[PDB]
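One structure is given below, represented as structure tokens, and several questions about it will come after.
One protein chain omitted, others in place.
Per-chain numbering from 1; labels A and B assigned in written order.
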Amino acid sequence: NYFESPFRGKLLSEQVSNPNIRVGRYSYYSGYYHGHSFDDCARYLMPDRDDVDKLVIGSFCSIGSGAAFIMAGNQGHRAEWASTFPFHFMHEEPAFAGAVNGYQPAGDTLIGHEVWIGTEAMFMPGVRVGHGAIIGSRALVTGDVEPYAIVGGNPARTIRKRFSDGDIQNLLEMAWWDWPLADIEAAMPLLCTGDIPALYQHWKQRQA
Amino acid sequence: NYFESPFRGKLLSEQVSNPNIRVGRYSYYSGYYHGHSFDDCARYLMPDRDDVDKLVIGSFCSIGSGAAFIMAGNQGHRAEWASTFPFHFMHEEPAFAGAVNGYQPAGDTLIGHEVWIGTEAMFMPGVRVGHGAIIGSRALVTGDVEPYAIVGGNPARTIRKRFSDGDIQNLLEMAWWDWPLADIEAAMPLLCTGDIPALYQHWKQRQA
Partner (left out) sequence: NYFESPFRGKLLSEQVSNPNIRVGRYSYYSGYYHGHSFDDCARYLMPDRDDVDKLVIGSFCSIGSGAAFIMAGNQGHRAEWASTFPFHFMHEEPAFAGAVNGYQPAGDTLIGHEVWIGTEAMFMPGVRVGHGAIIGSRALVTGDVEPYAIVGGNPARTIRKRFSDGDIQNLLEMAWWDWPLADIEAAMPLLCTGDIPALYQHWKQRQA
């Protein structure tokens, strides 16, 4: 097992290896219950091409065991053609030669900052998860998620948002995830409360 | 790992081994992310009896990693009896001797032709998936699916059908999945479009 205990995961920056996975600071993944390194979480991601959708993960994300990001767009299957069979890809059968390539990209999968993904959640290709969002365990994400939204279910739904629209707006304005570590340690006492307005002030103050 | 890469699966005809799994041509399974051969996808399927429900898979199916077909009907559990405990099966405890066998078959699980199953989809016992249907990833199929229907969710729902009722009817009439490989290669250019009516004509023509 890549992990020594269920209670201690390892940084993304120290286990990612596919060049198409760009991870941010402090972000981590604890997958003892699935034994494999974060790399294998990005399914169907080619480390060999640069013409493909990439998995981008913000900073301070906490990724739960077994999470999975389905990549490679449609994988060559086209529901809108008469046949969803990847003829073009079965290069070993001649009959299927003239077969055209039905593959088509879906765009980078983006995971914002401070996103908490529950064990075994699965993201479809091309979705974009907003900052602070919380992805429920086993939630199957079929689309974009709003910042600070709480989703869950198959298909994933917004259960509610973490803070007030206004609070959210403030949180987005000060983007503490881009703050110099020194300021993070400074505002620390306030990061451990739900007093966004307090935190906002402390911010505005120091900015001076 | 039974598979060498996430981007290349192997034919069903070349890995199936349980006598109760009947697979069609070109149908395949790509399960690098789950390491095991297709055989273990048919859960609780006995290769030793012939008095059991069988997993039948049509031709040109594309089965995603981790797919799973729950077999053995009710497995001896009966929700309608005073106790769902398989007394009859705990043959090691005498008290549970007179226990009657609550096992009961549910019927062959049938997967039509050209069915695209998403990674980690799970089918309950006895369901029948129609031709061309698309099974969303992680979708839990609790019942029959219509030809060309797109299902997904836990429990799985029809999101929509791939083509028009009429188009569908045409597609079912020419069953290109039973066409001689030679004709398949012939109509190939048209199989890579969504012009069912065009394809229908090309068919009717050649039939002459």
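In the analysis below, contacts are C-beta pairs under 8 Å (C-beta built on N, C-alpha and C of every residue); 3 or more make two chains touch, one makes a residue touch a chain.
Within the full complex, the residue among B:11, B:56 or B:99 touching the omitted chain is B:99.
Note that of B:11, B:106 or B:124, the residue touching the chain absent from this view is B:124.
Screening B:84, B:169 or B:201 against the full complex identifies B:84 as the residue touching the chain left out. For subunit B, the residues touching the chain absent from view are 40, 43-44, 46, 70, 72, 77, 79-87, 90, 93-100, 102, 122, 124, 140, 153-155. On the side of subunit A, touch with the chain left out of the figure occurs at residues 6-7, 26, 33, 60, 62, 65, 114, 116, 119-120, 132, 134, 137-140, 150, 152-154, 162, 171, 176, 181-182, 184-185, 188-196, 199.
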